Each structure stands twice: as structure tokens, then as C-alpha cells.
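Asks: Residues per chain are reported as follows:
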Amino acid sequence: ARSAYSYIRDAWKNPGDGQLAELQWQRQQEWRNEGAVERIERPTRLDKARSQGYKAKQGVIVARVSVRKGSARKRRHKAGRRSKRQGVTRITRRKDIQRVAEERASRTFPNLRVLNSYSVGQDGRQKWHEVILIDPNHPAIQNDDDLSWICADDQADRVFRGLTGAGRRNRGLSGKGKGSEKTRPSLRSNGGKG
Amino acid sequence: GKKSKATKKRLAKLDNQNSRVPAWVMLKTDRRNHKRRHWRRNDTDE
Amino acid sequence: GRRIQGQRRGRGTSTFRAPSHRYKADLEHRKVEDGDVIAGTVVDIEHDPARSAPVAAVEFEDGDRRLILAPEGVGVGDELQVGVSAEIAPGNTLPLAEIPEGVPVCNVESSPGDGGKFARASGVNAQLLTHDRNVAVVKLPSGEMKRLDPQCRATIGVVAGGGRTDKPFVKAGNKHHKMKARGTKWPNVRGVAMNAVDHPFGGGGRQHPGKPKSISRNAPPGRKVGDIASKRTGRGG
Amino acid sequence: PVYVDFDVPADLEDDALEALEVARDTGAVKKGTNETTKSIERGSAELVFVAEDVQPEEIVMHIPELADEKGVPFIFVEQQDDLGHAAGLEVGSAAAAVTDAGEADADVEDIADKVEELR
RNA sequence: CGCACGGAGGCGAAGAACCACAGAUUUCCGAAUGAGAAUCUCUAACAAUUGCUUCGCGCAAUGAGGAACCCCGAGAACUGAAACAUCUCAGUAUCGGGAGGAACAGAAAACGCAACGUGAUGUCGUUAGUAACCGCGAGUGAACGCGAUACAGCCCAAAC
RNA sequence: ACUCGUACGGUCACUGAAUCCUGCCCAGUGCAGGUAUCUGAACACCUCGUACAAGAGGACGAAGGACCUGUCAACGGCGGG
RNA sequence: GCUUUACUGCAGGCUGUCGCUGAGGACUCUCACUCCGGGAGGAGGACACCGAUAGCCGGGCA
Ligand SMILES: [Cl-]
Ligand SMILES: [Cl-]
Ligand SMILES: [Cl-]
Ligand SMILES: [K+]
Ligand SMILES: [Mg+2]
Ligand SMILES: [Mg+2]
Ligand SMILES: [Mg+2]
Ligand SMILES: [Mg+2]
Ligand SMILES: [Mg+2]
Ligand SMILES: [Mg+2]
Ligand SMILES: [Mg+2]
Ligand SMILES: [Mg+2]
Ligand SMILES: [Mg+2]
Ligand SMILES: [Mg+2]
Ligand SMILES: [Mg+2]
Ligand SMILES: [Mg+2]
Ligand SMILES: [Mg+2]
Ligand SMILES: [Mg+2]
Ligand SMILES: [Mg+2]
Ligand SMILES: [Mg+2]
Ligand SMILES: [Mg+2]
Ligand SMILES: [Mg+2]
Ligand code: NA
Ligand code: NA
Ligand code: NA
Ligand code: NA
Ligand code: NA
Ligand code: NA
Ligand code: NA
Ligand code: NA
Ligand code: NA
Ligand code: NA
Ligand code: NA
Ligand SMILES: [Sr+2]
Ligand SMILES: [Sr+2]
Ligand SMILES: [Sr+2]
Ligand SMILES: [Sr+2]
Ligand SMILES: [Sr+2]
Ligand SMILES: [Sr+2]
Ligand SMILES: [Sr+2]
Ligand SMILES: [Sr+2]
Ligand SMILES: [Sr+2]
Ligand SMILES: [Sr+2]
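The listed protein sequences correspond, in order, to chains M, 2, A and F. Each residue of the first sequence is one higher than the one before, starting from 1 at the first, in the deposited numbering. Just so we're aligned: the second sequence equals residues 1 to 31, 35 to 49 in the deposited numbering. Each residue of the third sequence is one higher than the one before, starting from 1 at the first, in the deposited numbering. Each residue of the fourth sequence is one higher than the one before, starting from 1 at the first, in the deposited numbering.
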């Protein structure tokens, strides 16, 4: 039969409908008065969290991050530039808002490592994402078979190196075939053409 | 100018460095101080 | 070209800033819960460096010593009252609702309890005209009819230091001294006397503006000079 | 609060939480929102309990409409920790289910009736 | 008894010198961390940010360096087009953040010599200056496959 | 920033103590106000097209423009016959 | 380097539209959002701000 989780999931397919519409209108009011990075005791989307790798265990931290909506906050050229490079308004960043959120969270928690993240809605001027972070030094994780991989030295600063799922998807690494010529194994190895 | 205790230790070291290569080293090496500094001609740090 | 003087202004450097450290007080109205039971005696009459007008030093019943925007006639030993049931005398501050029509007021508020925004310069006054349960129409010194909330506090009387404008500065040295106590750059070099690189009106073999002085509202900062969005120019016609 | 459409009096809650404590020592109870959901779906639910202080509200949100489309009666409890102790756990529970009561069947029946009368 | 061949003197058969490993010591400033300061000073210190928590800094984490290499971001201009704006130089120079001894990638919502076919991923040779792009100008420029190198396949989420 | 500021303010410009004065011109350009009508983009909408899409057309029409008015101590002008 | 009714563009301003954004071609409302108030509360209000896009202006700048 259906899991209780499948109901939280079905609710989030349309965050502007039903009981969730009323819930978001209420929560976002308190969220707008909260900080940039706020640690929350329990995940808003339990199904997604658990699907992404979360467990109700010691050393598994979650946090909500608000990042501004829109394009790049760019300055105009102070020196000579040809027409193509004279833009300000239409220029967008190459990292999606979700990745900006994960980094802001990881910096707020210098000891923890980013596992994954998910969207928890948006208003007119900002977007909210909840990031699942893990303590790679707690024995509750060092002994957990489904999570101990994140304790390895080469997993340090994984979000700043784009090793997150949101990182790998943003790097053009989804497709294994056609279209991923300039993306795999890395953008830097391909001359920065992705 | 008012010097501090650390500045005084540094100037003190620089004054000692300003001595010549002793008579005996000349014989031990079978034969010049390149860090000879004058108060007027040369300039110290700080 | 180079940024014009009006663009260097916004950067807020020393040359353009007001000598805040040399200023006395941020002349705002007192805060009363309700009832009006707040009053005080005037201790001294001081000079406010920020406005070139006098300011009264008042001591209140609850130990509070504050400087207040002094209207004309206020002296040492006078008792001023602040609140809802205050006396209709010069120097007292009460909402527009309680103040009768045709009576000159000063230090008028925009939103209630803000501290006082309008009619604060040497000798000016706002004129209270119409009364309602909703709107109290005040005529500001510019001749404008400002529709206001009756709960907006105002001090009775005209601001002190009237007729300051009357006497000419006579010499540049006097303007210098006054300007040194404000947030302005002085002296003024005409744009028409500058180089092309420095101002839209700069350049030429003779001193004259390059294009017509009247500029659009939509003009960018660096171009918006001369007569800004003028509805007309000149004296005649 | 988004899923709560009726306030349950302090005394009606005491009658309910007392019925739950004797339901575990006789028949059977389901502890936890997942197990509560599968009881309503498999029809094996007699009376389902739900906490009011659930943060986030999504975990429980579905119970009031799921119970109403399966005939199964439900009741609200103020605190999460009281429902957990009632189910016989040191930790609190967001939702619990009474799957086939026992020497409380007469009480549960009346509580189910009292709630319908409270709309 | 350093470079370093003097003078005086001393150490070594109690095996010195010298070399290898291991240990002792290891001032102050320095990420610099009690606070301040041009290497000093003032009256107990994981400062700051975090995790766990006996909720006590009690137990831990981060910070900074490194020849380049690596990964994630920001991103020119000279120049070429015999001018020049798209294009080109070039995702170069330079800048921000960060890992390791290698990094990244990686077990198909693949390929598509279309098949009765191949079978994670990098890399090397080739495919090829081919397809494709382009004031269709100057210029720009892959992939599947093949031959090699090396090979290795697995864990959750949910159902119960 | 102006601003511990509030039109007797302060911003933006021109002229440059005093004295006698400061004519005529709003066609162009600028600024500003208005406007029946005309012109005026995209979203939504309507017709055609396409089992969808590209696309073609229509209706509505903002600021703006046309047109009208004000303004020269606004740019400037003040002749030939 | 500078100038402009040179060519091409880029900021900036004004304006429509979309999102935020809600209840009952002109209009009421309060709940988001904004501002004032120490607060109680007051004003404003689905507008404004902000994000996106479209037209106009645009040697301010390249
Ligand atoms: Cl990380
Ligand atoms: Cl002045
Ligand atoms: Cl094949
Ligand atoms: K170029
Ligand atoms: Mg590589
Ligand atoms: Mg000496
Ligand atoms: Mg004041
Ligand atoms: Mg004057
Ligand atoms: Mg000054
Ligand atoms: Mg001047
Ligand atoms: Mg000159
Ligand atoms: Mg210019
Ligand atoms: Mg002149
Ligand atoms: Mg002139
Ligand atoms: Mg220290
Ligand atoms: Mg060339
Ligand atoms: Mg050519
Ligand atoms: Mg290229
Ligand atoms: Mg291919
Ligand atoms: Mg002159
Ligand atoms: Mg404020
Ligand atoms: Mg130019
Ligand atoms: Na971190
Ligand atoms: Na690309
Ligand atoms: Na010297
Ligand atoms: Na050592
Ligand atoms: Na430490
Ligand atoms: Na502690
Ligand atoms: Na050339
Ligand atoms: Na040239
Ligand atoms: Na081209
Ligand atoms: Na004219
Ligand atoms: Na003339
Ligand atoms: Sr690190
Ligand atoms: Sr000298
Ligand atoms: Sr205030
Ligand atoms: Sr004020
Ligand atoms: Sr000129
Ligand atoms: Sr006239
Ligand atoms: Sr709990
Ligand atoms: Sr020797
Ligand atoms: Sr193989
Ligand atoms: Sr005209």
C-alpha cells in the first residue's frame, strides 16, 4: 500500500494547491523574518530528505537557506569593452540558485559536508532550499554503512568542487551520450566549453 | 623619534653586523664584509 | 568624460558631508503614552548650528533634559506642555485635532508620532485650516494644502529666528562661515566655465551652454544639469 | 492547525489517551505515522490518533481526509509526547492507531460517537 | 672539534668523528586562536564558526602552506579579419573558492557502422580538418566506431 | 551622502557689487501641459494554420510620437526688398 | 582626449505586462507586502517594492 511519505510527495507536486498553499502562505511569513542560513530540527519534505540520503541520526543536520531571485548582480564595465561584452541586465550566473544555497550553508557549518538539497518554495523575490549536511567526524556516521563514504579525505569541500548532485547536474553531467562531449570528465579538462 | 623595545633590539643587531671579519678568519680561510652599512650613506629598515 | 560634481556628491565624502559631530540635537517631539501628564520648564535658549535659529533647553517632570525646536516668544522659566489635553498656548505640542483652526503651527508631523517634519526653518509657519474626524488640512509655508491625519502632533507658534533672509551676506567671508556649518560644497564654479570633459555645459571658445538648458526628467545622472524638467523659464510672458 | 477542523476538549482527550494505554496491553496498536497510514488503507483501523503540535504539518496533513474517505474515525491530541507515552514509547509519536482494541471496545465506541457529535 | 687551512684549548679505546632510524629539547612572531601590538605587552583563554553533548569548550571539526598538476566559479584587451561591429585572440590572461597524491569521471532514461549489433569511466592512436559553425568572410571544429592501456562492480529511497 | 536637515530649506543651473535699465520673436530645437482623432511593443484574447508547434492576421492600446498650448533672466534670432 | 541630430551598442529614467498576489471597465475589502508607532496600534494595500520582459527616451558611458 501507499506510504505516508508518498502523501508528502504528492502534496509537493503542486505547492500552490490545497492545504500546502495555506501552509506556505503562513510559513514564508516567518521565513522572511528568519536569517540567511537557519538550522531546522526536522525537514519540511521528509520524503525527499530520506530519498536524498537523510536519516534521523546523530550528525545528520538540515538547514534552510534563502537566496535572491533573478540574474547576476553585475557591475558595468569601468574600462573599454566591445559591444558583446558591454552587458549588465541580461547576464546570468553559470551556477544555479540551489548551488549558491548549498555553498552558503556549507560555509556556515565549516565542519560538516553537504549531502544534498531540495527546494522548499519561493515568493516574489527569493528562493528557499533545505540542505542536508553530515558530520564526517561523528562515530554515528563513521560506522553507518549507508553514509560512511562522506568521511573520506577526498570528500572534503565537496560542494565547492561541484561534487553534489545539484553540482553534477549543473555541470552538464546528466546525459551519458550525445550532448555531453564538452562536459565529461570535467569542464576544466574540456577547456571550459560547457 | 621614540623607539620601542623590539626596534631597539633590531638596531642593536644591525650595529653588531656592522663589524669587520676578524683577523683570525683571514688566516683560517687563507683569505671582506659585504653587509657594511654606514649611518649616512646607507639606509636601515623601518 | 569625468563624473560631474553632482555625482561626486552622492559618494558622501568628507568635503560633501555635514559636520554632524558639531551638531547639538535631533529636534524631535517627546513620546507620551496618553493622558497628557507631561510638562516642563525651559532652562535655557541655545543656538542650533544646524539651522541658524534658537533652540530651547527644556527639563521635564520625569528628569528628562532635551532640546526642543523653539517657536517665537518662548523664554526661560516658561512652562510648556506636551500631549492631548495641553493648553492652546505658544510652545505647547498637541495633535492637530485638539488645536483650533486659524492658529499658526510649526514642527508638523507627516505620519503621527514621527517627531516633526514640516515647518521647521527660521520664522516659517504652517496654517491649520479644515477639521474633520479623518482629515486636517494644513497649509505648508510653500503654499501647499497638505491633507493630514488629525493625530499628527504640532507645536504652536511660528518658528523662531524670523527674518534671517532679510540681511544680505554682503561679503563672501560671511557665506564661507555659514557654509562651513552645513553639508554643501562652496564656492560654485559654473559649468559653463569648465572643460567639456568636466560638465555638459563645458567647452567652447566663449562661455555659453552647448545645448538648451532645460533637461528631461528621464535624463541620466551625469547629464541632468541646468533647468531640470522646467514647466517654463524666464520672468516675462 | 491546517488539518485541525475541530477542537477536542481536555476531558475527551483524557478518555482517549486512557483507552490507548489499555489497548496496548490487551489488543494491538500501531505507533508512528507510516503504520497509521497503512492501517487506514488496509482497513484494519478502528480509531486513529493524531497530534496537533506536528512540525512540519505535511507528515500528518493527509489523515483527516484519508479517514473520511475510508469510514475510519479519528481524534486529536494536543501534545506529541503524551501520545508517544500512551502508545508505550519513551519517544513521542505524531500519530498512532488502534488496530483491534480490547477491554476498551466499549469506550472507543463511545469516543468515536462523541467526536461525530462534535463534527 | 661545519663552511674555514688561525691562536689557545678540548674530545675520542668508557669506541669519538661520521652515517641510518627513533626519541629529547625546540625562545618570539607567524592560520595565530585570551586581549592588544611593526616580532613586544596586558589580566586564565580552542578567538571565530560549527557538530556531539555529562549543555562544562567536556569530546571533536574548520582556518594556513605547498613546484606545478586537479576541480568549481568570475572573465579581458592588444591581436587576426590587412578598417571594423558578429566572428577571432579565448573561455586565453588575470581574479574568487577548494581537494588529493593524484584529481575529475564512472556502471546507460547509453550508443544508433539500424543490427540476429556494442555494452561503466577516463586516457593514448585514429576517425578528421571529416560532420557542424561562420559579415557562409577570415576563420572555427566535434562525435559514434575502431586499435590500444587498464579493467570491477556495487549502495540507498519505497513496497513488506 | 544630502540629513542631529524640512521651502526664511537645498538641490540644479545662468548672470556677476552698486546706479539707470533689461525691447521684439515660441517658426526650428529643448523642456513642459493637454489631446477628438491618428501612430504606438509585448503578455492575455479572437481568426487562419499545424491531430500540437513554428507562422500569418485581427481586436485592445501604455509611455512616446503626430496635432494643440505654455515657456527666451531656454538654446538661440532680431534681414533682403 | 573631446564633440555631435556619424555607425553600433551599453547603463539610467519613464511605461505596459507576468510573478509575489488575496476576499467581494469602473469599484469595495483585508490577509500577503510596505511604511509610522516603544507598544497597543495607525496609514497604505494587492498597489508599491523586488524579480522577468516589452516599447520610448537615452554621448551619461563603451
Ligand atoms: Cl561540502
Ligand atoms: Cl545659504
Ligand atoms: Cl557498436
Ligand atoms: K575585439
Ligand atoms: Mg581529466
Ligand atoms: Mg660599535
Ligand atoms: Mg530633528
Ligand atoms: Mg539667495
Ligand atoms: Mg563642508
Ligand atoms: Mg559661480
Ligand atoms: Mg577654461
Ligand atoms: Mg560629455
Ligand atoms: Mg559670458
Ligand atoms: Mg553666457
Ligand atoms: Mg594570541
Ligand atoms: Mg584587424
Ligand atoms: Mg572582409
Ligand atoms: Mg571556438
Ligand atoms: Mg555520437
Ligand atoms: Mg566673470
Ligand atoms: Mg524603518
Ligand atoms: Mg564615443
Ligand atoms: Na564545510
Ligand atoms: Na556549451
Ligand atoms: Na640613513
Ligand atoms: Na626541530
Ligand atoms: Na581546534
Ligand atoms: Na561547550
Ligand atoms: Na590589419
Ligand atoms: Na584602426
Ligand atoms: Na561569425
Ligand atoms: Na520657438
Ligand atoms: Na545677436
Ligand atoms: Sr577543508
Ligand atoms: Sr641619505
Ligand atoms: Sr524615529
Ligand atoms: Sr525625523
Ligand atoms: Sr559649451
Ligand atoms: Sr515679456
Ligand atoms: Sr521526536
Ligand atoms: Sr677545510
Ligand atoms: Sr569490461
Ligand atoms: Sr517651441
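Misleading hints may appear alongside valid ones.
[What the hints assert, rightly or not] With a cut-off of at most 35 Å between alpha-carbon atoms, the simulated DSBU-like pairs for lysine-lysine come out as follows:
1) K224 (chain A) with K84 (chain M)
2) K74 (chain M) with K146 (chain A)
3) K114 (chain F) with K70 (chain F)
4) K78 (chain M) with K213 (chain A)
5) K213 (chain A) with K178 (chain A)
6) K117 (chain A) with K78 (chain M)
7) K178 (chain A) with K24 (chain A)
8) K28 (chain 2) with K3 (chain 2)
9) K175 (chain A) with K78 (chain M)
10) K13 (chain M) with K38 (chain F)
11) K24 (chain A) with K213 (chain A)
12) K70 (chain F) with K55 (chain M)
13) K55 (chain M) with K38 (chain F)
14) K175 (chain A) with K139 (chain A)
15) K211 (chain A) with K84 (chain M)
16) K38 (chain F) with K57 (chain M)
17) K224 (chain A) with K69 (chain M)
18) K28 (chain 2) with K2 (chain 2)
19) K211 (chain A) with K139 (chain A)
20) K211 (chain A) with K74 (chain M)
21) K224 (chain A) with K167 (chain A)
22) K13 (chain M) with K70 (chain F)
23) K78 (chain M) with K178 (chain A)
24) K224 (chain A) with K175 (chain A)
25) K127 (chain M) with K78 (chain M)
26) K182 (chain M) with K127 (chain M)
27) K117 (chain A) with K175 (chain A)
28) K74 (chain M) with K24 (chain A)
29) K175 (chain A) with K74 (chain M)
Think of the hints as simulated: they come from the structure by calculation, not from any bench.
Asks: Hints first: check each against the structure and report whether it holds.
Replies: Hints, verified against the model:
no.	hint	result
1	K224 (chain A) with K84 (chain M)	holds (28 Å)
2	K74 (chain M) with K146 (chain A)	violated (41 Å)
3	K114 (chain F) with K70 (chain F)	holds (19 Å)
4	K78 (chain M) with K213 (chain A)	holds (29 Å)
5	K213 (chain A) with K178 (chain A)	holds (29 Å)
6	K117 (chain A) with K78 (chain M)	violated (40 Å)
7	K178 (chain A) with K24 (chain A)	holds (16 Å)
8	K28 (chain 2) with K3 (chain 2)	violated (40 Å)
9	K175 (chain A) with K78 (chain M)	violated (38 Å)
10	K13 (chain M) with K38 (chain F)	holds (22 Å)
11	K24 (chain A) with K213 (chain A)	violated (40 Å)
12	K70 (chain F) with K55 (chain M)	holds (31 Å)
13	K55 (chain M) with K38 (chain F)	holds (21 Å)
14	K175 (chain A) with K139 (chain A)	holds (31 Å)
15	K211 (chain A) with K84 (chain M)	holds (31 Å)
16	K38 (chain F) with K57 (chain M)	holds (24 Å)
17	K224 (chain A) with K69 (chain M)	holds (32 Å)
18	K28 (chain 2) with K2 (chain 2)	violated (43 Å)
19	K211 (chain A) with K139 (chain A)	violated (39 Å)
20	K211 (chain A) with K74 (chain M)	holds (33 Å)
21	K224 (chain A) with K167 (chain A)	holds (33 Å)
22	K13 (chain M) with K70 (chain F)	holds (24 Å)
23	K78 (chain M) with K178 (chain A)	violated (38 Å)
24	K224 (chain A) with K175 (chain A)	holds (27 Å)
25	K127 (chain M) with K78 (chain M)	holds (31 Å)
26	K182 (chain M) with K127 (chain M)	holds (30 Å)
27	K117 (chain A) with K175 (chain A)	holds (26 Å)
28	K74 (chain M) with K24 (chain A)	violated (41 Å)
29	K175 (chain A) with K74 (chain M)	violated (43 Å)
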